[PDB]
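Chemist: One letter stands for each residue in the lines below.
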Amino acid sequence: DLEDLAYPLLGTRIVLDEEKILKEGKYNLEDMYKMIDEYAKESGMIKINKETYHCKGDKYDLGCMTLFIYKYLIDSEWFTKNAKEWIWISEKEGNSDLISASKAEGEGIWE
Amino acid sequence: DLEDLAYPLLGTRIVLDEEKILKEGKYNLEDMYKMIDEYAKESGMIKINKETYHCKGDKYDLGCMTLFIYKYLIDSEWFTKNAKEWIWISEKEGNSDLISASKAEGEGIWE
Amino acid sequence: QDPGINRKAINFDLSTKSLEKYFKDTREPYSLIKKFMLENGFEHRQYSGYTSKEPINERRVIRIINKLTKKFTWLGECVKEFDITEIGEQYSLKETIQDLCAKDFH
Amino acid sequence: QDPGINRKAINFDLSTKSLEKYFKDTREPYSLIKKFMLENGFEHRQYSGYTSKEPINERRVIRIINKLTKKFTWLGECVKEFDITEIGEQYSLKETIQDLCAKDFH
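From first to last, the protein sequence lines stand for chains B, B', A and A'. A prime marks a further copy of an entry chain. Residues in the first sequence are numbered consecutively from -3, following PDB author numbering. Residues in the second sequence are numbered consecutively from -3, following PDB author numbering. Residues in the third sequence are numbered consecutively from -1, following PDB author numbering. Residues in the fourth sequence are numbered consecutively from -1, following PDB author numbering.
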């Protein structure tokens, strides 16, 4: 019906350090993005563009964000060591820097 | 501290039918306003002006509105029969016509 | 509809000692309130409290509480707490918590 | 502070049959969670659930729930419901209900 249709946006913006990735030759850049896409799929996230993923906007939004950020990505060492920018996007509450927050909280391996 | 200080406005606008009150000579107009003021006092409401009362803006707002509107005023026959306009004011939810709503709900005596 | 109007939660706590004055089986008053609440647009949670099925404005909520207190005047004698809270959004984590405890990734 | 950030309510329901697998006294797990919640900025209600003492954003809430599920991995086995709700405003009606049942006006 006319109700329950408009949840506030939750999502994330991701920018890999492509320069570091190629210069180091450790990983293949294209498979990093495919691994991120697979994570978004099994967490229930919608891919907006190369950098941006959004929740569907229903009662499972927080759970999808819990899996994508704090189960899959944060414990992916190839991801956290090669990320130039990582943003938690919340329309209602404002955005925040996930790299600076995770280093201060001890989440993930960054160096 | 810096939190819990800004509740949304709840209140009411009251306009008596002063023309009807004098032409009928049943009640004294000045004591009607004094009776309304006394109601606002024992309900915990703040008088803004002759027509307007507001809650204090804390966790007891709804209870104060319950007493002022739905205990004292609505069961005051001298009030409901001589009211030209009666508005429930809610900053967050919008305003509504208390006279039309109360006639449809069977609250108070209007004729 | 009107985005300013939220769903409402009603939560309360009654004194068992005071309820025993009016009911030999103190489970009845909770059943009586449960029936009234479901009649007036609220549903009981599998945890505790009454959540409005649809959004409901504050005026209509307090009319329902007025109606409730006129119906069961022993409420004033027995109430220990009684709160109305505006619900902003409600999120389900059951399946997420099940997912986290799967130890399938590392 | 930041008006977009609300207080949070946490409400859940656990299976007693599943909890009996892990605890001989099924009251202990509720006491364990109660202690963890009070350590992490929540307080238990006199009705049911954990309300955050201060406003807390969604990122920090889900980190607390992650922390909780890593601490008590039997939560995934026993959880029947587990909800986070945004609290918009909370109003107290105890005294008002006592006032209404005073029959001093008409």
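It cannot be assumed that every hint is accurate.
[Unchecked claim] Computed list of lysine to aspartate or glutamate pairs in EDC-like fashion (alpha-carbon distance at most 20 Å, straight line):
# : chain 1 : residue 1 : chain 2 : residue 2
1 : B       : 88        : B'      : 0
2 : A       : 51        : B       : 0
3 : B       : 55        : A       : 93
4 : B       : 88        : A'      : 87
5 : B       : 80        : B       : 26
Source of the hints: derived by calculation from the structure; they are not laboratory data.
Chemist: Are the hints correct? Go through all of them and say.
Modeler: Hints, one by one, checked against the model:
1. B:88 / B':0: Given pair residue 88 of chain B, residue 0 of chain B' holds - Cα atoms ~18 Å apart, limit 20 Å.
2. A:51 / B:0: 11 Å, holds
3. B:55 / A:93: Distance ~12 Å between residue 55 of chain B and residue 93 of chain A Cα, so the pair holds.
4. B:88 / A':87: 16 Å, holds
5. B:80 / B:26: 16 Å, holds
The structure meets every hint from the earlier list without exception.
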